[PDB]
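So this first bit is one chain, no partners, the form deposited without the ligand, shown in structure tokens.
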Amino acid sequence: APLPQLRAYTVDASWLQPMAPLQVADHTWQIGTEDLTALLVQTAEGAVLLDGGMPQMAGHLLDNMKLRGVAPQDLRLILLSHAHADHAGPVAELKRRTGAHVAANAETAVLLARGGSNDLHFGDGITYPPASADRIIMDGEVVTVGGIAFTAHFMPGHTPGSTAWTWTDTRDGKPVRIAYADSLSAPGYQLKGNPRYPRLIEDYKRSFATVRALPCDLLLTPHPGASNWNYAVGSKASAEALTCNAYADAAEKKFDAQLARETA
């Protein structure tokens, strides 16, 4: 009776479907896949990448950056929503090939440093190549690259270091407040009485109100389905997108229903 073999982290085929760079605003572009968000912000002093998706997406991300006229050495900063393999996967490889830095809070830094291993809920089942954080950001700290200011908003829940990023871009000169909020789900999490996360419910409830008050004109999520985005239709991608109130209120209803059946 041999010990069980290792099992790889497999996802849906739509999570790995490459797409051409879809434009969100004057300086914001989606360069990930159909069901994984990878935001690129082109500035006058360099590019900024928010999340990266699965670890095997490092090559696809570099191709879309070259399509936007962005050399590897032009990527200046990598920002993360939360350090899971399906979002912070190719961060290690992108640091070696682009010369970019990674800015994340302490909780995301320690999770990214160990490659998602020893997860509070998943253990070692979802492990990705480890990467180090070059700058530790605090709640509400502003990060500026090429004149565009990125403000961090801590929303602990899915991970202790979940962060929503807000910045103001333009749409043919007319400004737009973009808010890239993280996930608010808890797939298979032990919500009540978790020894690894005793204050989990208090963090989710405080994060639901944090998402509601985010300065936002266009909402984006790491998984586009959470905010009712459809990258496949291109022009009509942001047609039925949800607000910050609708996204937080819908996630709280699922949280309370999951918390209620957990006690059953």
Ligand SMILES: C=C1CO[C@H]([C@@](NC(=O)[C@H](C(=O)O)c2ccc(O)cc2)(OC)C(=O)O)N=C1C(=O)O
Contents of the next structure:
There are 4 protein chains.
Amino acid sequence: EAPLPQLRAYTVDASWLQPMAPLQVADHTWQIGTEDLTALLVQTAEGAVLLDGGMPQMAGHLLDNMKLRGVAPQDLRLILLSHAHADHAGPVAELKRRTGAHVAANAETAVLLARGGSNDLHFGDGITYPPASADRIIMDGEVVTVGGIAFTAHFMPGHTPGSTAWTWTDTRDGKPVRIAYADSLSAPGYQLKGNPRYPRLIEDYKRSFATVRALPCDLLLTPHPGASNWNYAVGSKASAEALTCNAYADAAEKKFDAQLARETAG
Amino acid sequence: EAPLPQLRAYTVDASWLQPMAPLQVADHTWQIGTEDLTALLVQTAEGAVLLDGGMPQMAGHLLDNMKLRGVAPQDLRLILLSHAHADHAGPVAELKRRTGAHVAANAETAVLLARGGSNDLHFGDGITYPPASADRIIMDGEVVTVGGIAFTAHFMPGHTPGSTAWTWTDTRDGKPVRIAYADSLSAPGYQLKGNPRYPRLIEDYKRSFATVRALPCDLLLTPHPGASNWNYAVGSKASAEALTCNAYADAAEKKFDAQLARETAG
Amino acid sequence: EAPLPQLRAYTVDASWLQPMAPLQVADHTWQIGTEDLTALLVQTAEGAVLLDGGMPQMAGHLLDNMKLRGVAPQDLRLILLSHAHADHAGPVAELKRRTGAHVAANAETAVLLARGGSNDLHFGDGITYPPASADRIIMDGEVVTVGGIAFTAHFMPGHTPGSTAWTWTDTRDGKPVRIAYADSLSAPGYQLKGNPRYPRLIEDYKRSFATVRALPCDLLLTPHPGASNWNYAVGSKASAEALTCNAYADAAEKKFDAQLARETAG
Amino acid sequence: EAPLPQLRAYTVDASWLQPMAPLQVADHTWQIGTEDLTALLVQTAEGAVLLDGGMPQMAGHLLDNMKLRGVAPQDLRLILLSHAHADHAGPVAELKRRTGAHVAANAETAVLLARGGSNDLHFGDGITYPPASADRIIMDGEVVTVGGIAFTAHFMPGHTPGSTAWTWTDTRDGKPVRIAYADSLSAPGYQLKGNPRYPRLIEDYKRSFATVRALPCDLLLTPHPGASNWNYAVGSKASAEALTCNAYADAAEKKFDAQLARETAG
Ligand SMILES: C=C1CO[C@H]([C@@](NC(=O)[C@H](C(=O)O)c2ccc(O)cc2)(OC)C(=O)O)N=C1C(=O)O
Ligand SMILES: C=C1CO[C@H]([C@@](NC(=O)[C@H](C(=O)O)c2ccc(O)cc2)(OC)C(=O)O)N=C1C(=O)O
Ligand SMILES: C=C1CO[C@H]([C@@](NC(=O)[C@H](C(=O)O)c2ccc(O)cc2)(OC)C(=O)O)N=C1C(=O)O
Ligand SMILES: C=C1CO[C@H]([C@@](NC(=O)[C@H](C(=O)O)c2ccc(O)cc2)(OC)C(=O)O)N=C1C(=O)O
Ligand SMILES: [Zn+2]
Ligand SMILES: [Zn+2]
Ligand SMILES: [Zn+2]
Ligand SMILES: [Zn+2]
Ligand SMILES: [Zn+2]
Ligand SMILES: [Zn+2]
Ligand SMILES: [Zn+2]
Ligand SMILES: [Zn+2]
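Output the form deposited with the ligand bound next; the form deposited without the ligand has already been displayed.
Next comes the full complex, and the chain you just saw is listed first.
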């Protein structure tokens, strides 16, 4: 008779694993991940910051791209996260071992990271990755500064309880560019209504749409570039179609409301 | 050009995942795992002890077999481990959540369990499983008692730094039966000589062969039943060919010495 | 010249350490702490729940009072917390070791408990106690059930980020009694305005006053009994002067507003 | 009647808390702790290593002395430990927060550090300090390298299960100086015989005396300088009376044997 099933790997679309060379976003900020997963390197005079790392197998590629930017592994000071799912926080444990960087995250993200994404409220154990510890717990609105560049956290729970937007002001052409790295606002396959593991899920998403609308933003980026209409594969045109924060929140809320009604409709 | 490779699942021989009904080993001790992975249930008047759980996907099967033995999930008091690899400690996190059982383990096993088997000294991240915490740290020779049944730990590092044998005295036919659950003594694909991550690996294995030879033992069991010549599929004959501790240690040391010479021979 | 100062113990008023016999609050609910620190035992047909434990040195007294109630150490299933300061979560690590109970707490409380109250946002390292791990992370509004008794969490951040109210329905004289165990709403010596470690502190307190006002409540209790006008020393009259949730929130908000104005006034 | 006792601070002799200016031990190695607690700074071209930090309240003094040596807080790369008691690992959590340094330690030291020294096998909760996590787990004989300087770990369990000696080769007057930082070999107030929490304590101490005798050593230092006959207060004569490793082990074993006989004599 049937044995128990084999473990199943977390597999993703090939484009999520397609390496790309560093793509400059602003004077200090570079996309160094893959064509379809964001990993932002912010280079300061006193070390570098990494916002997300993508999938677990991207660790070596990130370090290669850091080197192309002039950033040795030991020059990475800080890792920040949008949320601690395997496709965004995947390589954090290995990056910490190889660079000595600290991780700063809120308490929800810290607990999810420390169990390697296992016992996910919606996905169970299907997206487990190597666990890592947060070295600094941050609060809503708290400012983290590296090399004089200030990163502000904005909690936007929903996609995960610890989902966070990060904002900072870079420059281009002598003018300030307020960058907003807003987290995912999707709820893929989630039970939204009356979820015993997340009883206030709908209230949190609804508040998070409003938080995203209010972010300081001249240039929006998202963990999945397509969610904000970026196309990392087309170089200097990558940002051309990028959404505003208002438009990103509006699109996400329309999808959310439609899913809520479909969930009511079985 | 080539994308990065997909993550690869830890896949195992089908027999390792083949469920079996509880097989009685002695008056209080039952094999409740699969045909080719040991999971021992020891039933006391004040709750049950589980020694190993096998693969992550075995959690539900273990609880089903516990129920057949009269053990409700909440009746499981304690989980002990041979070593914290995915094929023996796989379901520990889920079992803790569903039963409330505590885990007792030495410090090496505790740290490996808490990172879900990631950053393995020999296997890297290939056998990651859901992380779990140890609630009680135990020392070499320490006695853990449940319902009056005393379990003694014997450290036998090598296969993992935290590899542990557990001994207890059960009964059969009114006579004592000294059970020894000795850990794996294999080194599959390991660099044995001059390993920078495990510099005293050879000294530890050699000492562990001697520890196994000295265990109090009328009946030897091992995490992989074939390592001690058990055959769980043949019921009342399962133990017929089981090795002594002396013979298990001798076979393991001969394989180890041969591998050492082959490693010297490239 | 002066050596560095000696470490300073966290010392408290004597009444906080004055043992008392169990005081019945409702049919299943007992105050089993000290005259001036709440520790609530809820006894079910399938084990007991403890809400808070007081100071670290109260562990033995709590177990003595449990025994007087018919609760053996192993009968304690679950520990819940108001917040993870030393005077309320102090003995949690020792209670877990001696009872096997699981701890359920939100992520903020879990991270503070796991560092033993060290690096407190307001108190630094002055109130460090033995660290403990949370076995179950709970979300706002999540229901935890033991022996059929359902406990609902209501997040009320401010006094700590993880501050939680717990509600359950007990009985007395054949009628339901909705019990609300609401956390502290004090801010003792806290910098309220522009606090870089807690930038939205004021917004959180203000929301928490509203949450407390809305709790289902026939009988309010608080970690410090005086905060809700209980007097545990007078037995059957202990609850006579107890505040409503509305009155507790109103008193706390008036104190908060006054402190805010004094902080503005240097 | 009597309330429960107040918590008691871990108080130490004043000389353990008496700051001193940096005292040069060899070309790259400086004592930067207090007159009676060792904290060794090793300065490399690629950052600094700290071996022990003393008491929790010494964090600021250590950073001041680092600054006098030209080491900014961010220049500290690595913290190593002799053992994780409050008088040697006390300030590790704060140093990690303020410097970004990683901690490397064996599994036993890592688990004790992570519970802040609470639930000590011999001292209970009396010497609890702020918990910290180890970022790198090291094995017996493993080499950790910073700026080209190689530090080798030698496990010497007894005083704690995780007690470790660290060796490295510095220079003086153009000649190599093999430095051995050997851990404590005391057993203050310990039950040595038949200790249920440490059943092989005597075997471990006896092996550790032999390990210390075998260390590569031109210059021995110890966490308590008096244990190896150092006197940090007399500057250029501080090392004059320092013991050899053989003499340190011999003195420690004689004290141990005498205590064993006194323990046998009640
Ligand atoms: C829109 C998506 C969907 O894809 C990923 C996601 N999901 C998946 O990759 C995918 C899925 O939802 O179909 C999945 C595959 C396998 C699983 O075991 C779980 C999820 O990553 C975990 C998720 O967060 O839902 N992430 C997002 C996102 O917004 O970040
Ligand atoms: C003899 C073996 C080999 O099989 C397992 C083992 N190995 C494997 O299952 C297998 C292998 O060694 O070929 C393996 C598959 C995939 C991997 O990524 C790593 C290891 O489990 C992790 C191991 O510990 O070596 N365990 C033992 C054992 O003695 O416990
Ligand atoms: C109103 C108070 C004040 O007393 C305690 C408290 N504070 C103290 O006990 C006390 C103080 O605030 O004066 C204190 C003594 C010593 C310290 O190091 C820190 C705080 O416990 C940590 C606190 O949370 O502020 N708790 C409350 C409370 O509402 O729970
Ligand atoms: C010889 C000693 C004695 O002093 C310290 C020690 N002990 C004490 O400081 C002291 C004592 O043993 O008398 C102590 C004071 C208070 C306590 O709660 C516990 C211990 O530090 C924890 C210890 O490790 O035993 N350390 C050593 C040592 O060798 O490192
Ligand atoms: Zn996601
Ligand atoms: Zn995603
Ligand atoms: Zn294995
Ligand atoms: Zn195996
Ligand atoms: Zn408090
Ligand atoms: Zn309090
Ligand atoms: Zn010590
Ligand atoms: Zn000491």
